[PDB]
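Asker: Read off the chains here:
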Amino acid sequence: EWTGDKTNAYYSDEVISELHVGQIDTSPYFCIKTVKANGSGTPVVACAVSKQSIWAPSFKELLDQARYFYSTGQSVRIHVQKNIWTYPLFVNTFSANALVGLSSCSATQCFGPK
Amino acid sequence: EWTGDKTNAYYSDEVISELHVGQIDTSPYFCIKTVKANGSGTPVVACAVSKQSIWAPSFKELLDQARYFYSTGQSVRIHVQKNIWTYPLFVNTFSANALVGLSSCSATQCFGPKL
Amino acid sequence: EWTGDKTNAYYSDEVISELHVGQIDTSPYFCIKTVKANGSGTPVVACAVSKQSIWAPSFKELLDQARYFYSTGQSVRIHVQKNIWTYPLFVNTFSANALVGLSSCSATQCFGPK
Amino acid sequence: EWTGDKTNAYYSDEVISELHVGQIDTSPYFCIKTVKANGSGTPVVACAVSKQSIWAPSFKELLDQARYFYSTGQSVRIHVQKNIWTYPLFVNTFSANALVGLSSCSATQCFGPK
Amino acid sequence: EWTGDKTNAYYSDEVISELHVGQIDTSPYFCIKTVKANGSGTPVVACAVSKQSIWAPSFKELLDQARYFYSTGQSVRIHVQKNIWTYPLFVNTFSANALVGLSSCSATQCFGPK
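The listed protein sequences correspond, in order, to chains A, B, E, C and D.
Sequential numbering from 24 applies to the first sequence in the authors' numbering.
Sequential numbering from 24 applies to the second sequence in the authors' numbering.
Sequential numbering from 24 applies to the third sequence in the authors' numbering.
Sequential numbering from 24 applies to the fourth sequence in the authors' numbering.
Sequential numbering from 24 applies to the fifth sequence in the authors' numbering.
These are computed hints drawn from the structure, not numbers from a lab.
The beta carbon of each residue, even a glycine, is placed where N, CA and C say it ideally should be.
Do not rely on the hints blindly, as some may be mistaken.
Unchecked claim - Straight-line distance between alpha carbons at most 30 Å, and here's what the computed DSS-like set of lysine-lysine pairs gives:
{"no.": "1", "chain 1": "B", "residue 1": "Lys74", "chain 2": "A", "residue 2": "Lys83"}
{"no.": "2", "chain 1": "C", "residue 1": "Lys105", "chain 2": "A", "residue 2": "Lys83"}
{"no.": "3", "chain 1": "A", "residue 1": "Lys74", "chain 2": "B", "residue 2": "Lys74"}
{"no.": "4", "chain 1": "E", "residue 1": "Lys59", "chain 2": "E", "residue 2": "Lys29"}
{"no.": "5", "chain 1": "B", "residue 1": "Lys137", "chain 2": "A", "residue 2": "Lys83"}
{"no.": "6", "chain 1": "C", "residue 1": "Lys137", "chain 2": "D", "residue 2": "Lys105"}
{"no.": "7", "chain 1": "D", "residue 1": "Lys74", "chain 2": "E", "residue 2": "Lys105"}
{"no.": "8", "chain 1": "D", "residue 1": "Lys59", "chain 2": "E", "residue 2": "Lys74"}
{"no.": "9", "chain 1": "A", "residue 1": "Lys105", "chain 2": "A", "residue 2": "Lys83"}
{"no.": "10", "chain 1": "D", "residue 1": "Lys74", "chain 2": "D", "residue 2": "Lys137"}
{"no.": "11", "chain 1": "D", "residue 1": "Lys83", "chain 2": "B", "residue 2": "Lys74"}
{"no.": "12", "chain 1": "E", "residue 1": "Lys137", "chain 2": "E", "residue 2": "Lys83"}
{"no.": "13", "chain 1": "B", "residue 1": "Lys105", "chain 2": "E", "residue 2": "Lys59"}
{"no.": "14", "chain 1": "C", "residue 1": "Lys83", "chain 2": "A", "residue 2": "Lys74"}
Unchecked claim - Facing chain B, according to a computed beta carbon distance under 8 Å, are these residues of chain A, among others:
{"no.": "15", "residue": "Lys105"}
{"no.": "16", "residue": "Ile107"}
{"no.": "17", "residue": "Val114"}
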């Protein structure tokens with residue numbers, strides 16, 4: 024598996040507008056909400072669950088990086104894997120997307136896979 | 024269990040106004056005080072205790088997040104489970120609330136569970 | 024044991040003015056000096072030692088919190104237990120006070136035991 | 024093995040201008056892009072992969088240090104070992120350079136091997 | 024052993040002017056260069072190496088503290104133990120000094136052993 028696998032989904036030129044931290048089923052988790060920097064389109068919501076899924080090892084790295092980009096409001100590419108989380112109220116509150124990477128976008132194309 | 028369980032309580036548009044770090048019964052812990060951004064109501068106090076209660080796994084995550092929101096002073100939604108800490112002197116100084124989640128807020132909506 | 028126990032001592036309306044980190048007998052340690060925010064009184068010196076005393080479990084949390092309040096310079100209540108450290112040269116450089124808690128203070132109250 | 028081995032390459036007076044975090048083959052990784060502060064030259068891309076290559080042990084230290092220099096914009100020397108990563112889409116997105124060191128730079132020299 | 028043992032050396036009223044992070048013999052390490060705050064004297068160079076030397080337990084504490092003092096530029100006392108690192112190329116690039124403590128300094132004094 025790889026953040027960059029074409030079977031994942033990415034959204035370029037976004038900003039992290041909201042951040043949530045909590046716990047589910049004995050695992051820490053966080054979710055972010057992102058929107059296009061220019062206000063077009065619809066938000067993206069993705070979560071990381073520290074104990075769950077193949078992406079679990081990257082939980083702390085992703086949380087630290089989400090926190091930094093959330094604090095700066097700089098443009099980013101968000102990378103997700105769709106349809107991972109299953110608890111109905113959780114998915115309804117947030118989404119089923121697992122967060123699988125974050126790329127800065129300070130230049131013409133974001134610094135990450137496409 | 025989940026931060027968003029309906030048996031938990033939450034308080035929207037709160038500012039984390041105070042922070043305390045200490046130790047009880049072998050466990051580092053922290054507590055925060057929060058107040059409505061609009062100044063109404065009565066303060067909320069909630070604590071997390073390392074290796075104690077079902078919420079123990081998220082102790083570090085919540086401490087780091089409380090520190091961040093405390094430093095910015097932004098309005099957040101605080102999620103707690105009532106009646107978790109039972110040490111009476113501790114409860115009298117702070118509260119029995121376990122902190123179980125923190126959500127950032129726009130002017131109109133906080134990013135976390137509700138209802 | 025508890026930070027708020029009557030057998031501990033506290034000092035309110037203090038600012039953390041100095042910070043030191045070192046190692047003693049295989050254990051990292053740190054010390055802080057605090058002075059009354061209004062200039063009165065005698066300074067307070069306390070240390071935490073990562074592998075020593077009943078307060079060992081809270082070393083990293085107090086180190087992080089001391090660093091935070093040291094960087095902001097804000098008014099705090101410092102909680103100590105006296106007569107803990109025993110190495111005479113260490114005590115004479117710093118003190119025998121173990122650091123057992125840190126509470127933020129507003130103008131006329133602090134958020135912690137008293 | 025050492026950051027300063029003659030078999031590694033380095034680039035001075037560079038500024039970290041992009042940062043990416045993700046995961047590949049169960050391993051967290053990050054990549055950075057640096058460009059000459061004076062605008063000359065070709066960008067340098069390098070990645071660290073938490074449990075791959077002989078440089079795996081320094082992943083967290085270099086991630087944290089990359090974050091710091093990225094946030095200040097200061098001029099640094101970046102040390103890499105060439106031709107390490109092999110997954111083609113990863114290498115073509117980023118590069119094959121492993122990140123093996125970061126050194127602050129002054130006007131005339133930098134603080135590290137050369 | 025203690026940071027404050029008379030057999031260690033210290034240098035007062037210094038500023039951390041350079042920071043380097045790398046890896047050697049499976050260990051992430053960092054070195055710092057410090058100079059007198061008033062601009063006089065000759066620079067000091069010290070390193071801390073993960074999992075190496077009796078000072079290994081304090082590696083992360085010293086790294087975090089060095090980064091903070093480096094970021095502020097404030098006056099500090101640096102404590103070292105001479106003749107610890109033996110790799111000649113490493114010593115020739117940096118030095119044999121192990122970093123063993125860091126103390127904040129006021130205009131008046133430094134908060135640490137002397």
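Asker: Each hint needs a verdict: does it hold in this structure or not?
Answerer: Evaluated hints:
1. Only pairs whose Cα atoms come within 30 Å are accepted, and B/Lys74 paired with A/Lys83 is accepted, the gap being roughly 19 Å.
2. At most 30 Å may separate the alpha-carbon atoms for a hinted pair to count; C/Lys105 and A/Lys83 meet this at roughly 28 Å.
3. For the suggested pair A/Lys74 and B/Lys74, the alpha carbons sit about 17 Å apart, so the restraint of at most 30 Å is met.
4. Straight-line distance between C-alpha atoms of E/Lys59 and E/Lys29 comes to about 22 Å, which keeps the hinted pair within the 30 Å bound.
5. A threshold of 30 Å between alpha carbons decides the hint, and for B/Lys137 with A/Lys83 the separation of about 26 Å falls inside it, so the pair holds.
6. A distance of roughly 24 Å separates the Cα atoms of C/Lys137 and D/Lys105; the hinted pair therefore holds under the 30 Å criterion.
7. The straight-line distance between the Cα atoms of D/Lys74 and E/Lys105 is roughly 33 Å, outside the 30 Å bound, and the hint therefore fails.
8. With a CA separation close to 34 Å, the supplied pair D/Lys59 and E/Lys74 exceeds the 30 Å bound.
9. Our distance criterion of 30 Å between C-alpha atoms is met by A/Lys105 and A/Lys83, whose separation comes to about 20 Å.
10. The straight-line distance between the Cα atoms of D/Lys74 and D/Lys137 is roughly 27 Å, inside the 30 Å bound, and the hint therefore holds.
11. At roughly 23 Å between alpha-carbon atoms, D/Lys83 and B/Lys74 fall within 30 Å of each other, so this suggested pair holds.
12. Distance restraint check for E/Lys137 and E/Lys83: the Cα-Cα separation of roughly 23 Å lies within the 30 Å cut-off, and the hinted pair is therefore satisfied.
13. Of the supplied pair hints, the one linking B/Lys105 and E/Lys59 is violated, its CA atoms being roughly 36 Å apart against a limit of 30 Å.
14. Restraint check for C/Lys83 and A/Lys74: the C-alpha separation of about 20 Å stays at or below 30 Å, so the hint holds.
15. Below 8 Å, beta-carbon pairs count as interface contacts, and A/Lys105 has none with chain B, the closest being about 20 Å; its hint is therefore violated.
16. Interface restraint check for A/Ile107: the shortest CB-CB distance to chain B comes to about 16 Å, outside 8 Å, so the restraint is violated.
17. For the restraint placing A/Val114 at the interface with chain B, the shortest Cβ-Cβ distance is roughly 11 Å, beyond the 8 Å limit, so the hint is violated.
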